[PDB]
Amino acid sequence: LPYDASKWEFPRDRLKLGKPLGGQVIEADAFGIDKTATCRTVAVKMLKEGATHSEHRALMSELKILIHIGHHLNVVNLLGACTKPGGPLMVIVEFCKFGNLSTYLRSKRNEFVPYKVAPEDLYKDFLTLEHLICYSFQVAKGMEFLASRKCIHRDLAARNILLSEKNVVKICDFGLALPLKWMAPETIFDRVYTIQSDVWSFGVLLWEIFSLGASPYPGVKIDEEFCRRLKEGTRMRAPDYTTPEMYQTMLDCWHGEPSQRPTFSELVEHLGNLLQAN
């Protein structure tokens, strides 16, 4: 996996480094990274001061994942990197103003209606079922993309979905991986990670969406009994903002047999249908 400096290298002196976000990720403004804007706000992952060789390797590996994967609207995309001598290793990605989707949805619990009714200004900036189904559809499209690149996410969860402007959501932290609440039974018991175990996790992500950012498995200690009951077929109950069709979609993603779960291409088609029906 070679590094194409002519494509990706960005001058460190064309960044204004700002506040920490959320690794050592900071907000920054970049000057001339984008031909349509003089100044563009970006997120920068910077190698810690005193990083070990292993830690340095790891951030470089992350950069090469971002290069290799390619561009998609629903994935957090690489804009540039600072790799040359005279400063820290820095990985520059698109900025997602609203941050992670779990935190964001929780902030909107008192600003949700199933659909707006005229006069719609009574629901200014409210979330709706359309928003939630739309976020779901977008994540399915991003995972279909990742699957097509032979990439398994391994920790698909609402905390790893970022919200940008214009209700665009972006998957992050793919290929890098509490955690047990998103893991398919085969992952927990057999340590098998596949695109079908990501589909299971997508199911959990859907529950997080349609609970407006709740933590999965409320009231349950994540221990051997949790794992045993999951294996025996027990599943989360319908969350507070779901439609019946979306709940059935969760159940489908949680089929005990990985081969009987929908594919992400099937989920894109299905959610796209649910979105037009809604």
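Numbering follows the first chain given and starts at 1. By rigid core we mean the largest C-alpha set that fits within 1.5 Å across both forms. What changes on going to the form deposited in another entry:
Only one of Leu251, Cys227, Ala51, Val220 has its C-alpha shifted by 2 Å or more between the two forms once the core is superposed, and that residue is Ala51. Relative to the superposed core, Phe189 shifts its CA atom by less than 2 Å between the two forms.
In this overlay on the rigid core, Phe98 has a C-alpha that sits less than 2 Å away from its partner position between the two forms.
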Contents of the next structure:
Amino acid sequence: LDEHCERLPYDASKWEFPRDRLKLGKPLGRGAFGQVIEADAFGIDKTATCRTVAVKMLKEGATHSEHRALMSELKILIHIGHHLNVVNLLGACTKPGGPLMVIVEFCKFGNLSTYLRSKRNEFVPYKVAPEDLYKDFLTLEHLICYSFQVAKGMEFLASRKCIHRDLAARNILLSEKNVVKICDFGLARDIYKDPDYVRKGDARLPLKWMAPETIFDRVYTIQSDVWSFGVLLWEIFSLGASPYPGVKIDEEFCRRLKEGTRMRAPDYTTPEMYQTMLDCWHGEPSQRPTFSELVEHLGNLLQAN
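Please give the other form, namely the form deposited in another entry, since only the form deposited in one PDB entry has been shown so far.
Next comes a single chain, given without company.
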């Protein structure tokens, strides 16, 4: 349903937030044409309550085309609606005289790739030592829990007839109480400057996260997002490492992948989590697990761990 966004509704009476009730702060993420800014919103979700929020908007260099793209993103966020594991839309500023602003809840710890890399040294598979009890360490349970939550969020997106197209740990945010939310920086990331995006024709694409059918056939489905989810699992259980370490991402990488070449197990995986990565990476899209099956499986692993 996310291919024809322009026909989706924008109910101003529900979503419109006055620009003067927003106290704009520091940048959280900046692209070439878009940006994400921290802000204090007055009474956006609870009467007369200040709330820290994240605001997506355009910047110098953007054109009317990026403005139309941002409005489509607002419409799809409305269609998607709320779930614990998706960043929740809180409001928007669309009235003339100011920039189009898309306001979502704030996720204090930022993107999951940077977070896990920063916390790599503070990881223990199992907190079992009596002295280690009051140490805020990441454990296997936390990693499986983040994995399970992203699958729940993706299952939810799928139920809304939407697909992600850029699922990766950089598009996962961490909030308080170990809650992770799916986001999509999009224009608020500078893909022409970001090494995760590689020139493949006239577009800069996240090649290391793409299914062979996306690279070779330009096919995007929920099952290609499952492939991306497998790559995300590898990022989680490598504690924020970059995929395919030491591999030049060229025509040869793409052919080897298309032929069945896969990544080796990351350093912090359990045998079952690596098997789950291999299952998401099945060459045949229909043979990959679905998000509903991944939710059930990860929920089982979380209960077994």
